[PDB]
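Shown below, as structure tokens, is a lone chain in the form deposited without the ligand; questions about how it binds or moves come after it.
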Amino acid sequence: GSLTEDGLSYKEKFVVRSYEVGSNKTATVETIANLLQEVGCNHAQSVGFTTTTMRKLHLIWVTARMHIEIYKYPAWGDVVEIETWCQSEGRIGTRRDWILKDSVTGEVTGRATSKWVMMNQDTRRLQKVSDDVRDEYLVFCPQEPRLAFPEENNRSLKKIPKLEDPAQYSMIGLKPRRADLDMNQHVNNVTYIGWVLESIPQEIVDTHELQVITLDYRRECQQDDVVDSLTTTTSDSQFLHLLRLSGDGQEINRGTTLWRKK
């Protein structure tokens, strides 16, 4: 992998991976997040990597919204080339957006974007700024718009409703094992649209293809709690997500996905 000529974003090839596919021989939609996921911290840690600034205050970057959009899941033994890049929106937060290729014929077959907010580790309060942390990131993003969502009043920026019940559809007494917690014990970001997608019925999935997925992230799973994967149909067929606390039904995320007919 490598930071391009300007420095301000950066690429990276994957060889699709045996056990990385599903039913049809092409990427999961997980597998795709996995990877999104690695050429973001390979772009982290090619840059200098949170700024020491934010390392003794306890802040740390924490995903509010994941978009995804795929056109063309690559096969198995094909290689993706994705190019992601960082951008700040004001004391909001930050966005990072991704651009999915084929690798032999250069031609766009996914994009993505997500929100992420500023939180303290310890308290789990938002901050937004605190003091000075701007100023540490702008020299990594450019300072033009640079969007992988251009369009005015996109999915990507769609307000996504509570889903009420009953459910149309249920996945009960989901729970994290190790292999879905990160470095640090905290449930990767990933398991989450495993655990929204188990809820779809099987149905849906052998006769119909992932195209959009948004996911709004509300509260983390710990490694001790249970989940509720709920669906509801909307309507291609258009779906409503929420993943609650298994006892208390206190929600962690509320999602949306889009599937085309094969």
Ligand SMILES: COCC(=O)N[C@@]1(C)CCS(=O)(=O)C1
Second form
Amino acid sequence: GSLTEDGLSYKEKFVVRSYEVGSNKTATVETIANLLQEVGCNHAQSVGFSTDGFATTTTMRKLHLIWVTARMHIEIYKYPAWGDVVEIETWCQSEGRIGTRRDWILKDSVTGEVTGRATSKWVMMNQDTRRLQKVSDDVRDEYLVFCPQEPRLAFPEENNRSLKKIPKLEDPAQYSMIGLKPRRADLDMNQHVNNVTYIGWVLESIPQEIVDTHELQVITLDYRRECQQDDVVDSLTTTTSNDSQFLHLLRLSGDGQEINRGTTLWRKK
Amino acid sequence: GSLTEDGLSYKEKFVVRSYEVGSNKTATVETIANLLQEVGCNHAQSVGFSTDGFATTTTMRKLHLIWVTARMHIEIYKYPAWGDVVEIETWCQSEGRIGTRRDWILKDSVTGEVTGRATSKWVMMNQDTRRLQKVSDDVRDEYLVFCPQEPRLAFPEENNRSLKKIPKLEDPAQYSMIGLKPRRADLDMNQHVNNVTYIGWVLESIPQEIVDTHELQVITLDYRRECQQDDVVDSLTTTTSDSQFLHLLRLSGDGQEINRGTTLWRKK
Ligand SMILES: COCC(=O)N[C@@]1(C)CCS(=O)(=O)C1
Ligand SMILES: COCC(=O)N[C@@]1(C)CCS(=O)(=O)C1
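After the form deposited without the ligand, can we look at the form deposited with the ligand bound?
And the full complex, kicking off with our chain again.
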């Protein structure tokens, strides 16, 4: 992969692997989310971020700060087939003192048509205390060197799905998958649960009949608290709806502490 | 990925991804196992096997036959770092009427040095009845077209680890991880549990202390019975020792064996 000509965005191509695809022989939304995170890591490395797994700036290391995900939003028009080449372009934007945004466009390598788009919100956290904070002047200056200074949105529309408020599912849930736990393959190189794991866990409470007869079009996931290596998760889903819509809650199996909430939109094949 | 000059083996290069590595920023044995499976599928495709995810020959489709894994054996000398290029060469061989073997050699793309090797045994199964059988004359003839006819072994050494008989672990186990369940990411395109998942389940019952202070050098896994999508698995481990362990996966309810294996670990 490479920075584009102007050095303000990054492009990489991926061949879809045998083990990356579901029943339709097309890439899972989990495979898509891993590729988004891979190209994001390759971009961060190319613009001089830390290579220690935390992807920090100089100022962030000095102040013991990290980025954590607040939200991930993916819309897929066409899942790439097994052996297909997908091209993903990604860039970052500063959002004042609130946080930062990473955006992605997915294209068919052969046709050059857009097959999906994604957006993520990141907030600043002290690594030691785990307390959220605002972005410092010095960090905002670091982001000016490698981000477009005019707005560039994967989701430009002024009232678009990627920014909708998500309500909290009320008991009883319509469907549930209980006693979900992470294994070592679910952890990143710093022994935190991979953000993509939480996508899989949400989808586990979707009935197999939906997955068999629908394609996932849109997923919006809010991240509230991280699952520790030794935590156990319950995944809850209620139908809110030819298109199927669902409300999602992940919560700790014991005390019912919220870790994530989300929505999915599915269209019949 | 390409067939080599003689058309009797296949080579592919892989860049190690961010999410593929563990805590020393080198590829997990699970990442290695997924890459072995991927170059295996790419080779099968290049020599005219089915593209429906069952990777069958013409006479296998006629007879409703599939290959199932009996054994996977992997030895790693160096795990490739995050963003390193690993080159993997793979080939197949007939073992008379017993079954077939797929072998792999892993190389550092930059040095050309061997960083690991693996071998796997495959047995014929009727897809409908799930009954094991011998290889037909007609299937053995199909394998003559794309396999070396002289022996080529990733593990040549007569009486090597890759062919050792594995005993059944006796209760009580020294270590256990219980209530393991597959999710959709654990299934292949035909909704069978990915063979690599079973490797991860085996390793779940190794203490975090071992994984933190040792590197995995060798893993030998026998496959006895498939975990179904709605099954639950217990992973059991006992120290037999370098650290060496004996492994058992069994169904959480009735204790039906699904896999047994051994691991050998070297202090870092
Ligand atoms: C300036 O780049 C930082 C970055 O992208 N780092 C990530 C950890 C967040 C977005 S990610 O998940 O793609 C990888
Ligand atoms: C002609 O080769 C068939 C083949 O390789 N097929 C696999 C399914 C078994 C070995 S695998 O796991 O590498 C892929």
